[PDB]
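Construct all of the structure, not just a fragment, from the sequences and the given hints.
What follows is each chain in one-letter form.
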Amino acid sequence: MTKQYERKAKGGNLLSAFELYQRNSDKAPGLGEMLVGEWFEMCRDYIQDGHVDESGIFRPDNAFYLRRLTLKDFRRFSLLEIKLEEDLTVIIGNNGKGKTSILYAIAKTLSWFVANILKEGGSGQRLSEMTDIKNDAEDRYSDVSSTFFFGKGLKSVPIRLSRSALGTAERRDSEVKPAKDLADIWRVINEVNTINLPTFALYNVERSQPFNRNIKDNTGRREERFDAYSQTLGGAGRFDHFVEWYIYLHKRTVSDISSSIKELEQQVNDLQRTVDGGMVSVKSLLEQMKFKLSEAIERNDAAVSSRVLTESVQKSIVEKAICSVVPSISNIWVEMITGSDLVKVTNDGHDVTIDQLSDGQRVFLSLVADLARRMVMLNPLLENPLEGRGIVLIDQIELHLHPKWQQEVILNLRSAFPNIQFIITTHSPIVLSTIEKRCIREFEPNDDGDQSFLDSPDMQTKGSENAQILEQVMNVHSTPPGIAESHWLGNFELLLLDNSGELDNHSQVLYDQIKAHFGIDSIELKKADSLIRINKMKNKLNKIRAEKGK
Amino acid sequence: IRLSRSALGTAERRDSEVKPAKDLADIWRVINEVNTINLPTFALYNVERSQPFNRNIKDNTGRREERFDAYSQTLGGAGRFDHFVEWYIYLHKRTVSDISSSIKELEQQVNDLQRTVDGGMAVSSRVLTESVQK
Amino acid sequence: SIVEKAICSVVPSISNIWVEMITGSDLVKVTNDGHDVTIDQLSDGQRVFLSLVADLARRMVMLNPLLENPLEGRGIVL
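Each protein sequence line maps, in turn, to chains E, F and D.
Residues in the first sequence are numbered from 1 upward in steps of one, following the deposited numbering.
According to the deposited numbering, the residues represented by the second sequence are 159 to 279, 303 to 315, in order.
Residues in the third sequence are numbered from 316 upward in steps of one, following the deposited numbering.
It is possible that part of the hints are untrue.
As the list claims (entries may be wrong) - Pair by pair, the computed Cβ-Cβ distance ranges are: (1) E:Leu118 / D:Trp333: 51 to 61 Å; (2) F:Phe200 / D:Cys323: 29 to 39 Å; (3) F:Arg213 / E:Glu170: 36 to 46 Å; (4) F:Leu161 / E:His402: 22 to 32 Å.
Unchecked claim - Far from chain F, by Cβ distances over 10 Å, these chain E residues were calculated: (5) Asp61; (6) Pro210; (7) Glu287; (8) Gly339; (9) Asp359; (10) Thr434; (11) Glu465; (12) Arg533.
Worth flagging that the hints you see were computed from the coordinates, not collected in a lab.
By construction, the Cβ of each residue, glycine as well, lies at the ideal position given by its N, Cα and C atoms.
Written as structure tokens, this is what we have:
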């Protein structure tokens, strides 16, 4: 039992090392020591080890991502199997209220990881028998099976979310134990010694909501580290939380750092006068600050050591992230107006507030700022906290985006967050032109909404033109089929060929119908002229070949 | 019509001249108040129409739809799917055997249910019927 | 029909109950002492007893599908 776990740990096994650490940590101090240190050290090294590749991006030795998803009797899927790429997965398809169910299932799966990271024995979201269980199902139960990967030592972390209908003879229960074990390892190792934690986020259509300007001054909870897990899978990123956190960071940077701990300890020296020559009993005047300074020091030792970053560094990192990802925002800063603290950005070279932004820029800023803040809070031991692990789900990545922005949104997201597994849905060919073929899953259901396996397109879509992806992947005509003007060159070609290939009259009315509509320099007129020249040359050919033959 | 506003704290306030629009709308309203005339529809459908809405409009739907209810929320949250489905179901329920006048809701009342037989016995708000409205 | 008969037989004042779909929100109407009135215009005492009887009759009907008279099913009511 112990020997097998020791051998597995020597060969590489996070679970065995954690089990040995847990079993020998309960021993009395001075007895099985060094053993506990070695087991905890190797667990922390498994979680923390990594190398910087040739591109300057930190890469973890053991990456965390979701490998497989199975939806059995879930919503409208009898048995749907999805394979997910380590870096990017894109679900494309017309039926978009069934791509949202896949994202919902993944979010429910990740909620267990989030809950068990936050608290021991926590409970994630549970499947609802009213909506999640398919009514066509004969087994009267549904399950959502996910398999995770956390390096060679932990290849598979299978978690199943099961629900059964009321009155069934047998109950269908979840199997969330392996995910609970992995999150227990994360939480315990972090409690003993700070480690980088994964970031699980979900961004739904409800992302597009109006800003609320004046913002609850609920100070005290936005600075705590585990607030990065607060409402992180709700669908709408907490942008108000980001604004409060950013304002708090700016307040702690512009002041409280030039003086540092200079005037706080001065109150002890000042009140020592009343302690000595005042009243014998003075504890009621100095009952809080005495241990307040000690707890402040034991909290700020992270900010002064190779630990949780300083407020200025976090603010600079989030600023650079926001500027790099959002192509219209140049820089962001906090301004103190009389009686208020506003957040201003340089949008398109002009200084505007957050609520003066357009719907697209503001929504993308909310997404990027929320993700960057969560990574900054959750990765305090990294040179670039944006290179931490995590799984981020985005619904309709192309929402409120111009095609020019769609040409680079995915590239910017992958550049700013190199190690995030992005599972997004889209229906625009411009976004697909920046995504590899292997990362695309076509969702074509049936009349029951039931698909079994999501497929990849036949042609590569990384360097292809937008029209080619539109017509070959989305089955959408490049020209509008419902317009008579789009068939003029095909009608005209038949009319040339009707009379053997010479502009007649039903072909000159058409050629100048095309010239008047499209113009002289249009592509359509060039095609018409080329077709005219080809017809004339082919007729001359036919004459020449007839001369040669006959 | 010019709509003007001045920045906060500015000594002089720019005034919006909206008198001609008021006069044209007054013409419309007065002519309608004498004899029924067709009125223009000014609707705005911003991107907020996709967001879900709700205000316990159930049964609240049952308040005789006045003609000028087409101007309520017309330049705000107009095109909401929920509002459409509740109004459509309500109208279909009233449309089945289209009868309802101010009195004729008491005629379908007795004709459909409790038929008995053996038991005993404005010009400014003119609108089309609810069956030609559906 | 079974629920209607149970409600009319147990509640003294209520004589007949039905659903009105014209005026196109769904409404439940009962005959209180010969006057057709809506379900939210009942008094406290004709509405509480009606709620008790209607709930019990509904649950008995749904839980006893094989009985000729579903109200003759067994159970414990407090």
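Q: May I ask which of the numbered hints given earlier this structure violates, with the numbers listed in increasing order?
A: The structure conflicts with hints 2, 6 and 9, although it agrees with all the remaining ones.
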